[PDB]
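Encoded as structure tokens, the following chain is the form deposited in one PDB entry, with no partner shown.
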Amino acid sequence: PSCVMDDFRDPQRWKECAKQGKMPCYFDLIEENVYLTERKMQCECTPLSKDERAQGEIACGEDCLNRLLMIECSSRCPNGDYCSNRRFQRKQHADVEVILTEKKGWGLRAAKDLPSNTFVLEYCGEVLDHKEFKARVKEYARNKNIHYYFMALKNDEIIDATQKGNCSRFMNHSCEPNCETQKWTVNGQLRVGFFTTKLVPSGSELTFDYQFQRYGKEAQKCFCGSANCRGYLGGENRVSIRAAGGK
């Protein structure tokens, strides 16, 4: 069983497919991070001419000062509509599908060949402080959740995609991954996206290295199948809730 990302846009249909086991369980699909508690300029690229745009030139490509510092351009970019450095904002995701794996739950796979360093998806969710994180830690332990969706954003910001998020919440762990997180600044605000680290052939599952900080007493066995698999999500050591949440 597999599904395409447009299938998640219809809640009534999704929920009906979920009862037939053809789609993952329902969650609230959101377009950007939602803060439970709200918290407290231009590159120097020379504008492409109309002809350069027609010739296939890239606006705000590898040499863009914002891109080099992992900062996205705004609407006021000198390249205007042609700016290729607004991928998070324009939702310029990779072509991926959500698939059911043998024993990791649902997962993500490339629907086309993905070049190296290709933006996959933004890891969206609810952003929590340490206080809200501890409450969610307790709720999810109480509910006996199997999957966890906490992603450290910065010291007192944890992205939680358990209840709200997008299809990035399905990316599974591998000890030999083909994606990575990148922290990108969008409107002075930090975001986390997934990017391929290599050429990912069509049909391959997309994975990244969780660097999981396990606070739970029980370690989840790792089914990544890598020759160098660490055996468990989080490795050997259990850390405290405070340490896992960014101290």
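Shifts are known only where both forms have a C-alpha. Each form is matched to the other, and the largest set of C-alpha atoms that superpose within 1.5 Å is called the rigid core. Positions refer to the first chain, counted from 1. First, how it differs from the form deposited in another entry.
- In a rigid core superposition between the two forms, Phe212 is the single residue of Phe208, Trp184, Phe212, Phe27 whose Cα is displaced by 2 Å or more.
- Shown in the overlay between the two forms, fitted on the rigid core, is a CA shift at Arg13 smaller than 2 Å.
- After fitting on the rigid core, stretches of 3+ residues whose CA atoms all move by 2 angstroms or more between the two forms lie at 1-5, 211-218, 235-243.
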Second form
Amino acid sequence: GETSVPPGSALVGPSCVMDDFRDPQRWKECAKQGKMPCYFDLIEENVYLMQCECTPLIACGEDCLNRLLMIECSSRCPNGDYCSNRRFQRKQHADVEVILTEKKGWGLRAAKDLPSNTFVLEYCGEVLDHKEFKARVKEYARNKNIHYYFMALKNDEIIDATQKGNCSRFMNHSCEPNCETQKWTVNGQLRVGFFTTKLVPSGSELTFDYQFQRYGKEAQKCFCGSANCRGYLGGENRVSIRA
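Please move on to the form deposited in another entry, as the form deposited in one PDB entry is already shown.
Below: the lone chain, stripped of partners and molecules.
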């Protein structure tokens, strides 16, 4: 039939908002209604189980010798409080919103235009050794978990955001993504964050190459929708030249 502009609609029962992830009571209420994802423990930093030459005034922009090596400045930066290269320390995350997708579960979207190489969010979680990782892989497989939340930090340390993390756990995989991870040194400790790899317009889902599952043994249908989607996520090997 003939379509028309819908009337204004105001919700009766109040809206669930991003600040509600820092309000356990309201989040648990929202989750019962399917208005927010299943509760998890929101953490501010990972749980474990260098002076640039910038002139004091962008403060520590693209030419900063720390930034170029993916090292954050300290409080002793020549730019002091105005240093722009302390984004993980100051939790200077992008304006993001959590969305419910048709096929992949929840996801993250940009709420403003994000230029290329914008810091989105730190990927926080429990940092596991190989023994704890192997135990939890078996635990989650036995539990028939639908979603995975592991990401390698270093050759002997895997971050697990299944139980504890932040909204970066909702990032979905795309075969043609608009974000990547970068591993930065902050006060001598490696931390990992999501960064855009192109300009991402306001309203766009943020996506990345989920390497942990992509090169894992088992596979699942890929719902990314990309023009050149590889069809499934998982069961792939990186390029090699054999014999």
